[PDB]
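2 protein chains.
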Amino acid sequence: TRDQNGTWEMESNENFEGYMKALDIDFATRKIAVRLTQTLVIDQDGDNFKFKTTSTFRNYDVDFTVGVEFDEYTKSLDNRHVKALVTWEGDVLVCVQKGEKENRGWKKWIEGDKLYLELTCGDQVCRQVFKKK
Amino acid sequence: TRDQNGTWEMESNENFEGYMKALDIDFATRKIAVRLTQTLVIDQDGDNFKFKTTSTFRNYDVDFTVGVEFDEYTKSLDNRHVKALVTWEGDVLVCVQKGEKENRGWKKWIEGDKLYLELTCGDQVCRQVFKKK
Ligand SMILES: *C/C=C(C)/C=C/C=C(C)/C=C/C1=C(C)CCCC1(C)C
Numbered sequence: 002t003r004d005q006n007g008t009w010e011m012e013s014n015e016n017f018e019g020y021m022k023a024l025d026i027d028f029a030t031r032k033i034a035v036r037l038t039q040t041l042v043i044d045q046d047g048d049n050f051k052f053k054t055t056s057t058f059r060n061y062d063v064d065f066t067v068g069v070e071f072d073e074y075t076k077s078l079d080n081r082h083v084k085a086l087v088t089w090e091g092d093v094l095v096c097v098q099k100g101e102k103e104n105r106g107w108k109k110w111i112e113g114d115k116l117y118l119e120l121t122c123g124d125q126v127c128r129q130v131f132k133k134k
Numbered sequence: 002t003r004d005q006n007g008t009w010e011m012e013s014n015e016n017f018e019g020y021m022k023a024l025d026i027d028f029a030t031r032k033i034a035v036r037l038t039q040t041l042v043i044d045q046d047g048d049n050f051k052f053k054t055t056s057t058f059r060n061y062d063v064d065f066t067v068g069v070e071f072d073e074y075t076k077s078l079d080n081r082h083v084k085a086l087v088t089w090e091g092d093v094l095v096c097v098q099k100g101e102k103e104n105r106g107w108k109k110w111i112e113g114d115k116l117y118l119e120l121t122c123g124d125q126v127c128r129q130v131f132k133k134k
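Taken in order, these protein sequences are the chains called D and U. Take any residue in the first sequence, count from 1 to its spot, add 1: that is its number in UniProt numbering. Take any residue in the second sequence, count from 1 to its spot, add 1: that is its number in UniProt numbering.
Keep in mind the hints are simulated off the structure, nothing from the lab. There's no promise every hint is true.
Identical copies look the same in the list; a pair holds intra-copy or inter-copy alike.
Claimed, not checked - Below are the EDC-like pairs computed for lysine to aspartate or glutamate, each with C-alpha atoms no more than 20 Å apart in a straight line: (1) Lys-133 to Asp-44; (2) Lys-76 to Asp-114; (3) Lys-102 to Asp-4; (4) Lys-32 to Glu-12; (5) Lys-134 to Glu-70; (6) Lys-53 to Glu-10; (7) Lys-32 to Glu-18; (8) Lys-76 to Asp-62; (9) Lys-108 to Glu-119; (10) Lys-134 to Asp-27; (11) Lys-32 to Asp-92; (12) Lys-22 to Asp-114; (13) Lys-84 to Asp-27; (14) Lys-22 to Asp-44; (15) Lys-115 to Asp-25.
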């Protein structure tokens, strides 16, 4: 049984922090790492191996069409049910989420090879910039 | 352009902490969140959108051939340089990482339909079990 190909999902984890302390990994990093799950992807072809380990905190998917108001559940983020309306205003993707939180939504657009995201809630605006891999 | 298709990886994130307290998220989740990185895949069909978001703490990618020494820089973990060599011991894949840490390496093998991983460094053994997806 030398074939280890596949996508492996962690089931159990013994003495993880003690091992990280042996590596002298700082306390704050250890306390975040002990929470998350782990997925190991192994691509094996003869004697040539490739591993990739991902930490992952939370996943988040959503599908919609512009102009169609739809009831959405903010999976993993805060687990709230909201009515969402994504519309165009020029070539900026603007969404307003109706619910128990004041002034909630986001704005998306592209300039060059960069995605520009602005999330708003209350008087807090979070500005993120993405690069295309 | 209104076309936002592609995989995007976050490169900068501002006021994410303030935006999150606006959503009444506990400070334990906030400390985990402000240090991850987000991968967003956008599937677009004119006006029908589909977003897939992944937040990730750290990644550990390796590629090697069994039986040939390879230099490794453990950025993402403890940031050390080691001389790694991977061999088979029957059905057990054995790796030795020669460097500053004593007895540093790991062992990986298939048992039943599960993958077993034992990470060693000095006196500490981290044991992990994986199921196949
Ligand atoms: C053959 C399998 C190997 C070498 C698996 C290695 C994975 C680790 C040593 C895990 C490392 C992690 C941390 C120390 C903290 C957070 C990030 C991880 C999951 C990559």
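We went through each hint and held it up to the structure:
For a Cα distance limit of 20 Å, the shortest separation of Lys-133 from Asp-44 across copies, 13 Å, qualifies, whereas the shortest one inside one copy, 24 Å, does not. Taking the shortest alpha-carbon separations for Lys-76 and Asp-114, neither the intra-copy value of 28 Å nor the inter-copy value of 28 Å comes in at or below 20 Å. Taking the shortest Cα distances, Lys-102 and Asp-4 never come within 20 Å of each other, neither inside one copy (50 Å) nor across copies (30 Å). When the C-alpha separation of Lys-32 and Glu-12 is checked against a cutoff of 20 Å, the pair qualifies only within one copy, where the shortest distance is 18 Å, while the shortest distance between copies is 24 Å.
With identical chains, the CA atoms of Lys-134 and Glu-70 are never at most 20 Å apart, being 31 Å at best within one copy and 30 Å at best between copies. Both within a single protomer and between protomers do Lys-53 and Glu-10 lie at most 20 Å apart by alpha-carbon distance, with minima of 12 Å and 17 Å respectively. For a Cα distance limit of 20 Å, the shortest separation of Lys-32 from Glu-18 qualifies both inside one copy, at 8 Å, and across copies, at 18 Å. For a Cα distance limit of 20 Å, the shortest separation of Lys-76 from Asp-62 inside one copy, 8 Å, qualifies, whereas the shortest one across copies, 28 Å, does not.
When the C-alpha separation of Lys-108 and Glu-119 is checked against a cutoff of 20 Å, the pair qualifies only within one copy, where the shortest distance is 5 Å, while the shortest distance between copies is 45 Å. Taking the shortest Cα distances, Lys-134 and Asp-27 never come within 20 Å of each other, neither inside one copy (30 Å) nor across copies (32 Å). For a Cα distance limit of 20 Å, the shortest separation of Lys-32 from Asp-92 qualifies neither inside one copy, at 41 Å, nor across copies, at 34 Å. In the homo-oligomer, the alpha carbons of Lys-22 and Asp-114 never lie at most 20 Å apart, since the shortest distance is 41 Å inside one protomer and 31 Å across protomers.
Neither within a single protomer nor between protomers do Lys-84 and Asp-27 lie at most 20 Å apart by alpha-carbon distance, with minima of 42 Å and 23 Å respectively. Taking CA atoms no more than 20 Å apart as the test, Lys-22 paired with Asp-44 passes in neither setting, with 29 Å inside one copy and 41 Å between copies. Within a single copy, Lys-115 and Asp-25 get their C-alpha atoms no closer than 37 Å, and across copies no closer than 30 Å, so neither meets the 20 Å cut-off.
The structure is inconsistent with the numbered hints 2, 3, 5, 10, 11, 12, 13, 14, 15, although it conforms to all the rest.
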